[PDB]
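Asker: So the chains spell out like this:
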Amino acid sequence: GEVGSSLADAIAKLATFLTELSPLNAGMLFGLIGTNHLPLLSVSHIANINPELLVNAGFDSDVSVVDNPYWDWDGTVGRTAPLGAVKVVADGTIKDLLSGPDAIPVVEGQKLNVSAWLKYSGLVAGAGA
Amino acid sequence: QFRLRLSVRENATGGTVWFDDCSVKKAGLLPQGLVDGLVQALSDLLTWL
Amino acid sequence: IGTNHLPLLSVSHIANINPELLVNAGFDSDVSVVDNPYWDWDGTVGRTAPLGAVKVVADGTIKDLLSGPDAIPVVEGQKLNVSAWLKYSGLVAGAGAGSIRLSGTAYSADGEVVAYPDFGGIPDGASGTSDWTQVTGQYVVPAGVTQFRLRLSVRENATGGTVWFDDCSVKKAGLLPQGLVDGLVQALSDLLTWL
Amino acid sequence: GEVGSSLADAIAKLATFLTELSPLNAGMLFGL
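Residue numbers (the entry's author numbering), protein chains in the order written: chain A, 116 to 244; chain B, 294 to 342; chain C, 148 to 342; chain D, 116 to 147.
Please keep in mind that the hints were generated in silico from the structure rather than gathered at the bench.
Mixed in with the good hints there might be a few duds.
Taking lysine-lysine pairs in the DSSO-like style, the calculated list, with each CA pair at most 27 Å apart, reads [stated by the list, open to error]: (1) B:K319 x A:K226; (2) C:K318 x C:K202; (3) A:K128 x B:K319; (4) A:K234 x A:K210; (5) D:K128 x A:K128; (6) C:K318 x C:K210; (7) B:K319 x C:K226; (8) A:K202 x B:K318; (9) A:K202 x A:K226; (10) B:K318 x A:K128; (11) B:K319 x A:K234; (12) B:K318 x C:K226; (13) C:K318 x C:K226; (14) A:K234 x B:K318.
Here are the computed distance ranges between Cβ atoms for each label pair [stated by the list, open to error]: (15) D:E117 x A:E223: 46 to 52 Å; (16) A:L153 x C:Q333: 17 to 23 Å; (17) D:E117 x A:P154: 35 to 41 Å; (18) A:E223 x C:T280: 48 to 54 Å; (19) A:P197 x C:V260: 54 to 60 Å; (20) C:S157 x B:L331: 54 to 60 Å; (21) C:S336 x A:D211: 29 to 35 Å; (22) A:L198 x D:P138: 55 to 61 Å; (23) B:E303 x D:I126: 38 to 44 Å.
Chain C is nowhere near these chain B residues, computed Cβ spacing over 12 Å in every case [claimed, not checked]: (24) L299; (25) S300; (26) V301; (27) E303; (28) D313; (29) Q325.
Just so you know, even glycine gets a beta-carbon here, dropped at the ideal spot from N, CA and C.
Go ahead and model the full structure; you've got the sequences and the hints to work with.
Answerer: Set out below in structure tokens:
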């Protein structure tokens, strides 16, 4: 894993790697787990919590803005650490941004709330709708 | 399926827009029409009275 | 698996099951006793295979042990029950009130300890020898608590012996809380009061 | 990972290797 290492470090790295038979950490699991893979829940475990949905919703990292000339991640502008937000060079045109994580599954009913803190700086955009 | 669309329309002509603390949350509580026949039973009791 | 990673459930898939919460609760393997000169894992004393339990020596001091898996997400309501089969062999600990106190660590939103809710343990007069004994504790979650862990605590007055713990079980128990279905509480109250 | 490649491809495969500390995609997770 690094220049100027030893065979002991090599076998240690191979041991640290997790194969098919080896366990898999449940620490983070970024992304979103589908519904059809959840066979049985727990009624006792059911309770009243409303968590966030999107991953990297605060734009504090490089994810969800990858391969986009219009929008890029910024590590110096942001209210929360590491002060990361989205930057766009609006050259008189239309700009679009989508969530890096895949589809959020919603169904009929099941009301949703959407919020975000936006700030336009140096807006030369025409005063209109 | 749902995604968060963030669109600056075409009529815009300049500026840089920043976004932070995006939060799309499923809100509410257990819907009435998910428990078994309870809607019908409660309606029947109320209409009986 | 965290809560925020589960977007949508299945009403039909909802059912009645009370499974274990912690991982390696019975101490049957080396996990959860990692990097500790105080406690160690044992494969020769226990009940369930491979007879894995926790060994320890009480050199006149206090003792603590943390669960290997991370914080259990605990929330208001949804009562819990904590149990474990404990034993003390050759306990030269001081005969007093304390020593074994089976309890949990309730971390706040940022992960701050709020209380030491003791769900069981030995009574006053901590001395002698016993066998696998179960202490049952029903815990009701106060408000403003988000994370839970199972702590193994032995008071500082202990002065000897080897303490064994096995078959640990912290379970979320109960049924659907009344105040989660939409307007049903108000409707049922209205019907009863109308009658 | 392929015959007739370079050390750049070797280190790219090393990067694609997922360790315990590496983030893990929740793409499919086949099973239950």
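Asker: Please flag the earlier hints that this structure goes against, numbers listed from lowest up.
Answerer: Of the numbered hints, 3, 9, 10, 16, 19, 20, 21, 22 and 29 do not hold.
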